[PDB]
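So this first bit is one chain, no partners, the form deposited without this ligand, shown in structure tokens.
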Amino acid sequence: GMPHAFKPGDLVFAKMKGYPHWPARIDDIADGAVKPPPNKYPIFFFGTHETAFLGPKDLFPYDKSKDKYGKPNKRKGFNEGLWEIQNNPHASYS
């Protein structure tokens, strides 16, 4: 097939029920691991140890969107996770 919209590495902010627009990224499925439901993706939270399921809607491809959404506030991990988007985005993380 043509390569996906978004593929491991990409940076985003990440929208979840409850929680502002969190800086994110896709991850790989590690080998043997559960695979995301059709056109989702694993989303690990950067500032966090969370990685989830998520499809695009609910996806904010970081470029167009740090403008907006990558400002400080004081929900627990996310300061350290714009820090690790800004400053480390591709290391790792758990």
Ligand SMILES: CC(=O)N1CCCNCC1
Given for the second form:
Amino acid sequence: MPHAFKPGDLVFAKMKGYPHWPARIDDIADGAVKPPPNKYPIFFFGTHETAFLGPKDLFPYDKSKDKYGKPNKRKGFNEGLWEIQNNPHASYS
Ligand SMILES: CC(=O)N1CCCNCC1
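So that was the form deposited without this ligand. Now I'd like the form deposited with this ligand bound, please.
Next comes the full complex, and the chain you just saw is listed first.
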């Protein structure tokens, strides 16, 4: 059975206006800004942007990749697909 989301989990993450996007649940570094309650820090592959999202917008990557893991015209998306498949736990700072 599923657990709660934890840092390192791979997802597609959904935001208004954008296709389901390859992403991971990030850690919060010591001294860094914490997310709001019930929100996770989401790191978007390809764009390397961070947003705070709740589980309603988080789709586990293995279950969803057949649906969501296809190339897209949007800036950063295809680089994002490479990252999530090839080095999803790397430093992208
Ligand atoms: C984090 C964010 O605002 N976005 C929009 C730009 C593309 N990355 C997907 C989600």
